[PDB]
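Each chain, letter by letter, is given below.
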Amino acid sequence: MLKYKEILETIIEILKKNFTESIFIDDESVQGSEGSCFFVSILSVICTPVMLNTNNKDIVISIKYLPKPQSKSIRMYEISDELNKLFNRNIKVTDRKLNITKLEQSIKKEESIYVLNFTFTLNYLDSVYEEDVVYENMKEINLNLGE
Amino acid sequence: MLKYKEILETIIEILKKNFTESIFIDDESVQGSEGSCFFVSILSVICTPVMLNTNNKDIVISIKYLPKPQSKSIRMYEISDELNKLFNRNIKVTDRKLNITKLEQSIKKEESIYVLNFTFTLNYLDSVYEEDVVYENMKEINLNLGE
Amino acid sequence: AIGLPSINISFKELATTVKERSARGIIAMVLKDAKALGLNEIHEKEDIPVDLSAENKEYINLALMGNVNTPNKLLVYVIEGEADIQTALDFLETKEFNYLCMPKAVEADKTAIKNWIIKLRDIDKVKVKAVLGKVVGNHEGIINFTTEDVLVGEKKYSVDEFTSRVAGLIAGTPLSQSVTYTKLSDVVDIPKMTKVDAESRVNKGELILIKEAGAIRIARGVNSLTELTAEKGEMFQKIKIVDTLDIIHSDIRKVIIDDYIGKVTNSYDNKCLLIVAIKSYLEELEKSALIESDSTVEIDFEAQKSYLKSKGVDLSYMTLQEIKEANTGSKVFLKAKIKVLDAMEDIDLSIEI
Amino acid sequence: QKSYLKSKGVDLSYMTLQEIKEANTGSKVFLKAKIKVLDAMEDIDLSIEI
Amino acid sequence: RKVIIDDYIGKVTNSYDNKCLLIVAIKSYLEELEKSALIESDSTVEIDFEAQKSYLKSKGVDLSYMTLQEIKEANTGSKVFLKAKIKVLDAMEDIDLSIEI
Amino acid sequence: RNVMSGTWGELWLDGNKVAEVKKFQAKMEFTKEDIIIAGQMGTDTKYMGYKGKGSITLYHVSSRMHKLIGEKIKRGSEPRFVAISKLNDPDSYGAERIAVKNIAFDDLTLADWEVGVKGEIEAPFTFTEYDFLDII
Amino acid sequence: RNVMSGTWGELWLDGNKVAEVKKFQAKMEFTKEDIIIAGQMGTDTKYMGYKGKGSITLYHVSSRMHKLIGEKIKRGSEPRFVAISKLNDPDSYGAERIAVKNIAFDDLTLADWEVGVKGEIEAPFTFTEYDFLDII
Amino acid sequence: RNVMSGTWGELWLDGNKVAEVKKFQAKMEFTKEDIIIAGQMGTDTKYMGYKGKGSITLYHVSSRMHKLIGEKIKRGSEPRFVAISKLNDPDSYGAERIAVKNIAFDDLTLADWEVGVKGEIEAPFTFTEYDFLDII
Amino acid sequence: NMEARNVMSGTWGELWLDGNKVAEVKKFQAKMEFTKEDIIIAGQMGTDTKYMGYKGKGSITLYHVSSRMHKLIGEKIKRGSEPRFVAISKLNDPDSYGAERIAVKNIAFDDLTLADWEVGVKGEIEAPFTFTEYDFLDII
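If you read the protein sequences in the order shown, they are chains X, I, T, W, R, m, c, J and H. Under the entry's author numbering, the residues of the first sequence are numbered 1 to 147, in order. Under the entry's author numbering, the residues of the second sequence are numbered 1 to 147, in order. Under the entry's author numbering, the residues of the third sequence are numbered 2 to 354, in order. Under the entry's author numbering, the residues of the fourth sequence are numbered 305 to 354, in order. Under the entry's author numbering, the residues of the fifth sequence are numbered 254 to 354, in order. Under the entry's author numbering, the residues of the sixth sequence are numbered 7 to 142, in order. Under the entry's author numbering, the residues of the seventh sequence are numbered 7 to 142, in order. Under the entry's author numbering, the residues of the eighth sequence are numbered 7 to 142, in order. Under the entry's author numbering, the residues of the ninth sequence are numbered 3 to 142, in order.
Be aware that one or more of the hints could be misleading.
[Stated by the list, open to error] Each pair of labels, with its calculated beta carbon distance range:
id: 1; chain 1: T; residue 1: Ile258; chain 2: W; residue 2: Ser311; range: 56 to 62 Å
id: 2; chain 1: c; residue 1: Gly82; chain 2: T; residue 2: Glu149; range: 58 to 64 Å
id: 3; chain 1: J; residue 1: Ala44; chain 2: I; residue 2: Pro49; range: 48 to 54 Å
id: 4; chain 1: T; residue 1: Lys126; chain 2: m; residue 2: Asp113; range: 56 to 62 Å
id: 5; chain 1: T; residue 1: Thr183; chain 2: X; residue 2: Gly146; range: 50 to 56 Å
id: 6; chain 1: R; residue 1: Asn271; chain 2: W; residue 2: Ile339; range: 17 to 23 Å
id: 7; chain 1: R; residue 1: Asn271; chain 2: c; residue 2: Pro130; range: 35 to 41 Å
id: 8; chain 1: H; residue 1: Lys29; chain 2: R; residue 2: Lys332; range: 46 to 52 Å
id: 9; chain 1: T; residue 1: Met345; chain 2: I; residue 2: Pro49; range: 55 to 61 Å
id: 10; chain 1: I; residue 1: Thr101; chain 2: W; residue 2: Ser311; range: 47 to 53 Å
Read the hints as simulated data drawn from the structure, not as lab findings. The C-beta atom is built at its ideal place from N, Cα and C for all residues, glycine as well.
Work out the full structure: start from the sequences and follow the hints.
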């Protein structure tokens with residue numbers, strides 16, 4: 001089908017092109033980094049059967065910005081306004097444009113620092129197609145009359 | 001009826017065939033394991049009477065992946081996309097195909113690490129059939145006329 | 002490709018619009034004499050080869066008249082007087098026929114004829130019938146008849162030569178009705194025999210001739226199948242039912258071999274289409290009131306289960322629907338249950354004053 | 305249009321059909337038409353049942 | 254044959270309307286022949302659907318989507334297929350008469 | 007044995023498989039007339055006939071419904087269709103097939119859409135007679 | 007003593023036990039006519055008769071309802087049925103049985119299904135007379 | 007392949023693009039008459055015609071609807087309009103266009119507002135005939 | 003044999019009056035009433051009838067699109083000369099077996115409506131007529 005790794009790599013590629021700061025996926029990197037760094041991950045996936053063969057899937061994607069010097073809070077709003085432009089309507093992966101139904105962001109206090117959380121939801125229909133087996137030709141077809 | 005152990009063993013067998021990493025059920029093993037290991041358990045079971053003899057049962061099954069080296073976060077998404085194929089529509093236990101109504105997964109932060117949680121719901125009707133007792137033949141059947 | 006422009010007008014007769022499928026009425030008879038060696042099919046009574054002997058001519062005459070209608074087709078094989086038993090049969094195998102009678106009915110021929118009939122009816126799935134005098138084999142294919150010293154036309158006939166007339170009588174009758182309890186006027190006189198003897202013979206042995214009321218008539222004309230099996234049942238003992246079943250089997254074999262072999266791949270959908278075609282054929286048979294209306298055809302669960310067991314699938318537990326749609330492979334197994342209408346033979350009526 | 309875009313080095317190994325139909329062709333426009341031409345009757349067949 | 258060769262060959266296009274006109278002309282000729290008591294007027298002329306289906310399947314197009322009525326109106330190229338049924342009269346030659354006294 | 011689920015529903019319309027489908031429904035209403043018999047308080051009823059009704063719901067993947075009837079309706083000729091519905095649940099005991107014949111549609115939806123909502127199309131219909139296949 | 011629960015409900019239709027059943031209901035409506043008597047403000051009513059109504063709801067395990075009436079309805083002959091309902095709660099004081107007779111069905115549901123929903127079938131009906139057994 | 011979303015909806019009214027639009031809807035109801043044929047229990051129907059209905063919903067950015075019909079209606083001359091709706095989803099296979107002709111509006115909303123609520127205007131209409139473009 | 007679609011619909015009817023097509027037609031009707039006399043025969047209880055003649059009546063209904071009906075007869079009625087007209091009605095339903103076309107000749111109108119209007123009500127005109135002769139064309 002449409003593997004999640006492809007979507008994740010596409011988002012990482014976009015963020016790598018646009019922003020100079022490093023992008024990490026695992027927690028040890030964001031702890032070890034000496035400067036501000038992005039964090040990208042898939043939050044939740046909900047699959048619902050709507051057809052005999054197709055499924056309705058909703059994907060929520062979370063982007064975080066963690067400023068380590070912590071004196072660069074205005075840069076957070078700058079990055080938010082820059083981010084808002086890239087994800088207007090849809091994103092393109094394996095040439096299948098996925099509608100972005102909603103955009104939500106919030107600034108909350110985590111631990112002793114303030115971080116930016118940016119989320120959006122994708123919606124698309126994906127289906128499984130089972131393998132087709134080749135059958136032999138029929139010969140010597142007999143019937144019995146029990147009654 | 002349909003024992004839960006059979007369903008659990010079927011799921012463990014599928015995961016053992018597909019993935020090389022070890023699968024554990026108890027907490028001491030996942031704490032003691034030196035590498036990434038799966039965790040499989042039955043989350044909740046809800047029974048509702050819909051007939052004189054049958055019951056409607058909903059089963060929620062949880063699969064967890066805990067990467068201990070913690071530098072293998074991309075392997076988490078790889079395992080998620082691999083898992084998505086095995087549990088498309090239904091699973092087969094004691095030759096009774098059980099419909100899978102919904103698929104839900106999420107990546108959250110637990111303790112100091114990030115883990116993958118994968119859930120799905122099964123729905124089927126199960127019934128109890130009481131024992132039948134053999135009765136004696138009737139003889140010397142008398143009636144009294146009180147009035 | 003491109004040719005000269007042309008206009009063509011065609012005139013043809015109206016179509017008969019009858020399928021005709023397998024042949025319904027056709028008789029085969031073998032007799033041993035020196036002349037006219039080989040097959041001599043007889044279209045009608047007027048043309049009889051003169052080289053045949055007088056006794057053979059009388060045998061032809063016995064085989065000629067039918068109970069209700071003249072026989073549709075008569076195939077006669079001429080075998081030499083000393084000629085081997087086997088060769089005639091093997092030659093006839095190539096041709097298709099419905100009924101076989103051997104007027105000599107020598108005790109040597111009965112065993113080979115019975116065995117050959119069984120071999121076709123079981124091994125080769127070819128439905129054929131043979132009528133012989135003193136055969137005891139109670140297979141549904143074998144028809145056995147016994148009546149002593151019958152005198153027809155101020156001359157005495159033996160049982161064996163009269164079996165030819167009996168076979169012609171059976172073959173003449175249409176499928177809709179039965180030969181049971183019918184009057185034949187040619188037989189002027191019969192040996193005397195009581196009703197109790199006739200009942201004792203019919204209940205176990207061959208069909209026999211009896212005299213009652215105005216004329217001498219057949220008595221409960223049925224094939225003798227005294228052994229009973231759960232699959233065959235009692236209905237297989239009656240001659241009309243088994244004849245109708247054999248006609249159905251041969252016709253459906255022709256229909257199957259025409260189109261639904263080797264031409265298309267076998268899938269569950271193809272099996273459903275085949276079942277639909279057979280169902281339509283059975284409905285058409287019902288339209289003429291040969292069988293019952295509500296006959297049903299479905300996949301043979303038992304045969305497919307046995308075949309899958311032979312393949313080592315080990316279906317100790319498996320869903321029924323999955324078995325009915327499993328991967329059979331080269332073969333297709335079907336089972337049909339039908340009901341065959343029988344002519345009225347016994348009537349009960351009660352009146353209150 | 306697919307051939308022309310291939311000549312331009314777009315490398316549309318994967319690309320949506322609708323996007324190809326509305327892509328930036330440039331100076332040229334490519335069209336295809338399917339029509340059916342009526343032909344005078346030349347051969348006639350007729351069958352009659354008595 | 255004479256009428257067809259003289260009039261309808263090479264002079265008009267092959268379309269459903271032209272086929273209908275040719276059918277009407279043939280039917281008119283049959284009606285003309287009827288008054289001579291040679292044949293009966295019940296005769297009908299219509300498009301042979303089987304021949305058209307055979308022609309289309311020989312071409313190889315897929316006729317599943319088109320409606321059954323549409324198949325008759327489908328283009329048939331140069332070929333034209335027609336179907337007719339008639340009944341031919343005869344003079345009385347055998348007479349059976351029975352009277353009841 | 008389990009109640010057969012509606013997920014495993016397939017529909018063929020005029021010999022063409024309808025891949026996109028959400029609901030199918032066919033129903034039969036009998037027409038009854040009240041009759042009062044002298045001496046009886048109970049009011050018995052007489053069966054006079056029946057009428058067929060049903061509807062189909064499907065996602066708006068393609069303009070399937072237009073091609074069938076849009077051109078013909080304006081011309082004044084009404085087309086009649088045949089539909090087959092097969093419901094085969096692996097858990098259930100068996101599969102049943104219904105042949106609903108002589109179908110006439112009540113309405114045609116040219117276009118319908120709303121911002122943020124996936125297209126959904128439903129079409130009621132009426133039918134006269136039916137044939138039954140593959141009983142359970 | 008406790009109110010008898012609806013879980014312990016059993017229904018026999020034409021002598022065959024209906025294993026799959028969700029609800030059963032039988033009811034009796036009286037027909038009353040308003041009569042005004044001179045000198046009285048109160049408006050008294052006269053009893054003129056009754057009509058019987060009810061419905062059954064059951065899961066779509068099998069094509070039970072088709073075999074009963076589907077073939078007969080098209081031919082024009084209406085069948086009449088007899089149903090028995092027994093409600094036996096172990097907590098309650100006793101069990102009661104109702105014999106509802108001369109039942110005629112209002113509709114027949116050939117097929118109905120929706121994605122993700124278990125099949126459910128309901129069928130209204132009307133009846134004329136009843137007999138009562140095993141009073142409480 | 008995906009179901010076309012309603013977000014990518016564009017509407018042209020009388021050759022002028024309607025930038026502000028929320029919903030569009032066009033529909034066709036057929037008129038059927040019940041006919042009972044002797045000897046048949048089924049009740050077949052005859053097609054007698056059709057009627058067109060639809061509605062538009064848009065935000066109250068400007069007084070667009072007034073300029074079209076407000077002056078003409080009071081004078082007694084009814085104007086007829088032509089509308090085109092195009093639905094082009096990038097995910098979907100293609101785009102379809104509908105030409106709905108001879109449109110007559112049912113009502114005119116001079117003013118409507120409520121405290122704390124953005125202005126929203128909807129207007130039903132009826133149409134006679136249609137033309138179809140860019141099939142899918 | 004019988005199918006519901008075959009029943010003809012009145013939407014497809016059309017009318018020509020005096021060789022001109024009348025587009026704003028609502029309904030057309032023509033009928034022939036036979037005149038019969040009761041005759042009693044001696045010895046028979048059943049009363050029999052004798053057919054003696056026929057009389058034709060009909061009517062036309064049409065929307066008040068234009069003042070067509072005035073121009074035909076308004077002045078000639080005052081002058082004392084009564085006009086006569088010929089009407090042709092053709093009913094052609096595509097589902098039906100075929101179209102039928104009946105021509106009605108020697109038409110004389112019963113009345114003329116100068117003006118008939120009411121507020122809030124669309125205009126309509128109805129005119130009954132009597133005819134004498136008719137011919138058949140293209141009947142099924």
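Against the structure, the hints:
{"no.": "1", "hint": "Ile258(T) <-> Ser311(W): 56 to 62 Å", "in the structure": "holds (59 Å)"}
{"no.": "2", "hint": "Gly82(c) <-> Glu149(T): 58 to 64 Å", "in the structure": "holds (60 Å)"}
{"no.": "3", "hint": "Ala44(J) <-> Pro49(I): 48 to 54 Å", "in the structure": "holds (52 Å)"}
{"no.": "4", "hint": "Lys126(T) <-> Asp113(m): 56 to 62 Å", "in the structure": "holds (57 Å)"}
{"no.": "5", "hint": "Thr183(T) <-> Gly146(X): 50 to 56 Å", "in the structure": "violated (31 Å)"}
{"no.": "6", "hint": "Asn271(R) <-> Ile339(W): 17 to 23 Å", "in the structure": "holds (19 Å)"}
{"no.": "7", "hint": "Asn271(R) <-> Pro130(c): 35 to 41 Å", "in the structure": "violated (59 Å)"}
{"no.": "8", "hint": "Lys29(H) <-> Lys332(R): 46 to 52 Å", "in the structure": "holds (48 Å)"}
{"no.": "9", "hint": "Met345(T) <-> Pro49(I): 55 to 61 Å", "in the structure": "holds (57 Å)"}
{"no.": "10", "hint": "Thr101(I) <-> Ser311(W): 47 to 53 Å", "in the structure": "holds (52 Å)"}
In this structure, the earlier hints numbered 5, 7 are contradicted, and the remaining ones agree with it.
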